[PDB]
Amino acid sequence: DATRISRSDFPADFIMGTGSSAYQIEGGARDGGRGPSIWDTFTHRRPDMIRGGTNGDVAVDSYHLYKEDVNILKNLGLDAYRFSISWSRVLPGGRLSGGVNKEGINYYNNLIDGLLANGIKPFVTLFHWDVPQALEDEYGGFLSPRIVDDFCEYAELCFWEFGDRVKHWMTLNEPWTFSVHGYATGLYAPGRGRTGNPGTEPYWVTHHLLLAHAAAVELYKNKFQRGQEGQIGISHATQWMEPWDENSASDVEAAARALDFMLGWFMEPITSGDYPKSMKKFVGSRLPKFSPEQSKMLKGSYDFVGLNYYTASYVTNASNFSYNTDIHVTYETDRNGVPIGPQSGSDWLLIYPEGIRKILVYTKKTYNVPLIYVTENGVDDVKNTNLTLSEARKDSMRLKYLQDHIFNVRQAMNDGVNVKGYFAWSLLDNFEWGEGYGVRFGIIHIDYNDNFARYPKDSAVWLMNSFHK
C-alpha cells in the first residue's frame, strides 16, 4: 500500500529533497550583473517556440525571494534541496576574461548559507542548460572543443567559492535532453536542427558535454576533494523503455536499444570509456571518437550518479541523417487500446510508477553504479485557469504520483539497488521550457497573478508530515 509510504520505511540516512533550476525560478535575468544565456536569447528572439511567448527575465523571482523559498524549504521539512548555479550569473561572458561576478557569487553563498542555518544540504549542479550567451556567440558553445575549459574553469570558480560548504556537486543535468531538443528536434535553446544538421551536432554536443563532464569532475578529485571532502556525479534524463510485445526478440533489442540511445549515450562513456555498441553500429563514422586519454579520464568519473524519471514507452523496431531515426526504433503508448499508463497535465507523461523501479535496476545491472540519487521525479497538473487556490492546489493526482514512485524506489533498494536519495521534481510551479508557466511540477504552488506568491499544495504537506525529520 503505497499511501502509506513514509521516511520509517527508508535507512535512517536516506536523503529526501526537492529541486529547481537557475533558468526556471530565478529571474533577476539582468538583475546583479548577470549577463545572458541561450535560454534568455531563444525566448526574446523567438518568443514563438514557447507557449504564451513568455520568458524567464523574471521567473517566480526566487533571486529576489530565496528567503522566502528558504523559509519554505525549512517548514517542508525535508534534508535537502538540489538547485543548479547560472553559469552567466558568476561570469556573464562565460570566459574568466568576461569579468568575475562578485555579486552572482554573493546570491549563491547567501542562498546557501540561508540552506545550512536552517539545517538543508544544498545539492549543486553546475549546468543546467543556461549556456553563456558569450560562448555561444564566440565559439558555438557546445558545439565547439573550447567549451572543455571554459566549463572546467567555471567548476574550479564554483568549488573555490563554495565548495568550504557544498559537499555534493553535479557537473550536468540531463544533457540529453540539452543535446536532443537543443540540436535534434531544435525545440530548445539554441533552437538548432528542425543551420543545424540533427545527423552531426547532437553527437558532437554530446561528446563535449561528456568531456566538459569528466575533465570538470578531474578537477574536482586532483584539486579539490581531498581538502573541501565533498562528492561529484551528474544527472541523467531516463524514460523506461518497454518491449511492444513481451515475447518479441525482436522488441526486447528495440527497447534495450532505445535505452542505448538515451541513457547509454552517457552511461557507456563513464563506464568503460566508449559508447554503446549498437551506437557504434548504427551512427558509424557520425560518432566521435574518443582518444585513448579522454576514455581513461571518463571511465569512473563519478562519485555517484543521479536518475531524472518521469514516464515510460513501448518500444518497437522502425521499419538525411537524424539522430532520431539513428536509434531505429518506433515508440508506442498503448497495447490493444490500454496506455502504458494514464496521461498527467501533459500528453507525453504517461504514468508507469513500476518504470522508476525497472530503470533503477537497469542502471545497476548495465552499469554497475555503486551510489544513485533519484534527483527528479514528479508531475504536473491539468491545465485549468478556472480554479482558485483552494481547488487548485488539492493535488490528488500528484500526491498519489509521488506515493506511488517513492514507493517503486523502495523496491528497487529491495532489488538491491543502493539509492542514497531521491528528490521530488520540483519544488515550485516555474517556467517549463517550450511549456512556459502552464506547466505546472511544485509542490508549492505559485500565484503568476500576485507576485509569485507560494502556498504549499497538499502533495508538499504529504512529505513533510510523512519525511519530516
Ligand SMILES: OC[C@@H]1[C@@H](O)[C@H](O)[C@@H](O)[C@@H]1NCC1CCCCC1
Second form
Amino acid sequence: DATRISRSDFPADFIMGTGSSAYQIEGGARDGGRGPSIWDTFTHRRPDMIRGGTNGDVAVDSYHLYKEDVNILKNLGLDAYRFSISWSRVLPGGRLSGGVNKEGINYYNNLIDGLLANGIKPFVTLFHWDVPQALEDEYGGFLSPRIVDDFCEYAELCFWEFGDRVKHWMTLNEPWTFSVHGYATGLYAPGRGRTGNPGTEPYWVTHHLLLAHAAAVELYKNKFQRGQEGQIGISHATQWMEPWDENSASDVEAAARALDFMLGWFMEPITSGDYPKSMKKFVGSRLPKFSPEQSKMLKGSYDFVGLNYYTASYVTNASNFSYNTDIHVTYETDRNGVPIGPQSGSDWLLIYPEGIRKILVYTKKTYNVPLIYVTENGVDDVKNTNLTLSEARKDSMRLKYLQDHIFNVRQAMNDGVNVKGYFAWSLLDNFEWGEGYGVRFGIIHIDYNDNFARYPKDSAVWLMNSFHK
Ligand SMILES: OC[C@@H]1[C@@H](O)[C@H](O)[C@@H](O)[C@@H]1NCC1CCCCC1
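Having displayed the form deposited without the named molecule, please output the structure of the form solved in complex with the named molecule.
Then the entire complex follows, led off by the chain already shown.
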C-alpha cells in the first residue's frame, strides 16, 4: 500500500526535498542588477510561443518573497531544497567583463543563509536554461565552444561565493530538454529549428553542454572540493520507454534506442567518454567527436546523478535531417485502446508510477552510477479557473501520484539502486515555460490574483506529516 509510505520506510539519512528554477519563480527580471536571459527575450519578442502570452518578469516573485518561501519550507519540514542560480543575475553580461553583480550574489547568500538557519540543505543548479542573452548574442550561447570557458568562470564565481555553505551542486538541469526543445522543435528559448537546423544544432548544443559540464566538474574537483568538501553532479531528463509488444525483438531494440537518444546521449559520455553506439550509427557524421582529452575529462565526471521523471511511453520502430527523426522510433500511448497511464492536467503526462522504478533500475544497470537522487518528480493539476481555494488545494491526484512514485523509488532501492534522496517538483506553482502559468505543479498553491499568495495543498501537508524530521 503506497498511501502508507513514509520516512520510516527509508534510511535515516535519506534526503527529502522540493524544487524550483530561477526563471520559473524569481521574478525581479530587471531588479537588483539582473541582466536578461534568452527566456526573457523569447517570452518578450515571441509571446505567441507562450500559452497566454505571459513571461517571467515577475513569475511568483520569489526574488522579493524569499523569506516567505523559506518560512513555507520550514513549515513543510523536508531536509533539502533544490533551486538554481540565474547566471545573468550574478553576471549580467554572462562573461566576467560584462560585470559582477554584487546584489545578485547577496540575494543567493540571503537565500542560502535563511535555508541553513532553518536546517534545510541547499541543492544548487548552476544552469537551468536561462542563458545570458549577452552570450547568446555575442557568439550563439551553447552553439559555440566559447560557452565552455564562460560557464567555467561562472561556476567558479558560484563555488567561491557560496561553496562554503552549498555542499551539493549540479552543473546542468535537463540539458536534453534544453537542447531538444530549443534547437530541434524550436518551442523553447532560443526558439530554433522549427536560422536553425534541427539536424545539426541539437548535437552541437548537447556537445557543448557536455563539455561545459565536464570542465565545471574538473574545476570543482581540482580547485574547490578539498577546501569545501561538497559534491557535484548533474540532473537528467528521463521518461520510461517500454516495448509496445513485449515479444517483439524490434520493439525491445526501439525502446532501448529511445533510452539511448534521451538519457544515453548524456549518460554514456560521462560513463565511457563517448556517445551511445546507436546514436553513432543513426546520426553518423552529424554527431561530433570527443578528443581523447575530452573523453578523459567526461568519464566519471560526477559525484552523483539526479534523475528527473514524469511519465512513460510505449515504443516501436519508425516506418531532410532532424534529431526527432534520427531516433527512428514511433511513440505509442495505448495497447489495444488501454493507455499506459491516465492523463494529469497535461495530455503528454501519463501517470505510470512503475516507470520511475524501471528508470532507476535501468540507470544502475547500464551506467553503474554509485549515487543517484531523484531530482524531480511531480504532476500538474487539471486546468480550472472556477475553483475556490478550498477546492483547488485538495490535490488528490498529486497526493496519490507522489505516494505511488515514492513507493516505486523505495522498490528500486530494494532492487539495489543506491538512491540518496528524492525531490518533488515543484514547491510552488510557477511559470511552466511554453505553457505559462495555467499548468500548476506546486505542492504549494499560488494565487495569481493576489500578489502570488502561497497556500499549502494537501500534498504539502502529507509530505510534512509523513517525512518531517
Ligand atoms: O516540465 C516539468 C519540469 C519543468 O517545470 C522544469 O523546469 C523541468 O526540469 C521539468 N521538465 C519536464 C520534462 C521536459 C520535456 C518533456 C516533458 C517533461
